[PDB]
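Novice: Given next are the chains, with one letter for each unit.
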Amino acid sequence: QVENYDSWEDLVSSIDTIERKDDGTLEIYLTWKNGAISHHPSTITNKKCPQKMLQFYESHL
Amino acid sequence: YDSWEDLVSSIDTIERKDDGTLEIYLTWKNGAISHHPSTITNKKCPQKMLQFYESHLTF
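Protein sequence lines correspond, in order, to chains A and B. Residues 262 to 322, numbered by the authors' numbering, are exactly what the first sequence covers, in order. Residues 266 to 324, numbered by the authors' numbering, are exactly what the second sequence covers, in order.
Possibly wrong hints are sitting among the right ones.
Unchecked claim - Listed below are the simulated DSS-like cross-link pairs for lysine-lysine, each with C-alpha atoms no more than 30 Å apart in a straight line: (1) B:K309 / B:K294; (2) B:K313 / A:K294; (3) B:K313 / A:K308.
Unchecked claim - Okay, the calculated bits of chain B under chain A, using three or more residues with CB under 8 Å as the criterion: (4) 285-291; (5) 297-304.
Claimed, not checked - Some residues of chain A that are not near chain B, with every Cβ distance over 12 Å (derived): (6) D284; (7) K294; (8) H300.
None of these hints come from the bench; they were simulated from the model. Virtual Cβ for every residue (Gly too), placed ideally from N, Cα, C.
Whole structure, please, built from the sequences with the hints as guidance.
Specialist: Dropping the structure here:
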């Protein structure tokens with residue numbers, strides 16, 4: 262049933278920077294369409310807005 | 266539409282064509298190998314693509 266889990270594609274404005282943490286995880290810093298800014302684990306952003314993440318990686322190759 | 270997520274084993278390499286497009290080389294769970302434009306793999310198997318980019322991160 263669930264695959265409509267990618268609900269952040271239309272809420273995010275852009276992916277800004279990425280950083281690696283001590284536990285070896287990646288932290289994603291992004292900006293929302295309302296102007297707000299925040300950071301989240303890549304294991305979350307990959308599932309909520311995968312196409313936004315892919316565009317970021319290609320312009321950074 | 267990602268009907269390839271469960272059929273693809275891994276993404277192996279990528280090449281930036283002359284016209285600027287990206288060509289993706291991959292391996293299927295049945296052992297075969299093939300290449301396809303990134304516009305196809307991005308929508309058919311996005312999670313496999315993201316795994317490749319994360320392992321290809323040197324900052």
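Novice: For every hint, state whether the structure bears it out.
Specialist: How the hints compare with the structure:
At most 30 Å may separate the alpha-carbon atoms for a hinted pair to count; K309 of chain B and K294 of chain B meet this at roughly 15 Å. Distance check on the hinted pair: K313 of chain B and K294 of chain A sit about 27 Å apart at the alpha-carbon level, within 30 Å; holds. Only pairs whose Cα atoms come within 30 Å are accepted, and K313 of chain B paired with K308 of chain A is accepted, the gap being roughly 12 Å. Under the rule that three or more residues need a Cβ within less than 8 Å of chain A, the assignment of the region 285-291 of chain B is violated, with 1 such residues.
Counting residues of the region 297-304 of chain B whose beta carbon lies closer than 8 Å to any beta carbon of chain A gives 1, which falls below the threshold of three, so the coverage claim is violated. Every CB of chain B is more than 12 Å from the CB of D284 of chain A (nearest about 14 Å), matching its label as outside the interface. No Cβ of chain B comes within 12 Å of the Cβ of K294 of chain A; the nearest lies about 21 Å off, and the non-interface call holds. The claim that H300 of chain A lies off the interface holds: its Cβ sits roughly 16 Å from the closest Cβ of chain B, which is beyond the 12 Å cut-off.
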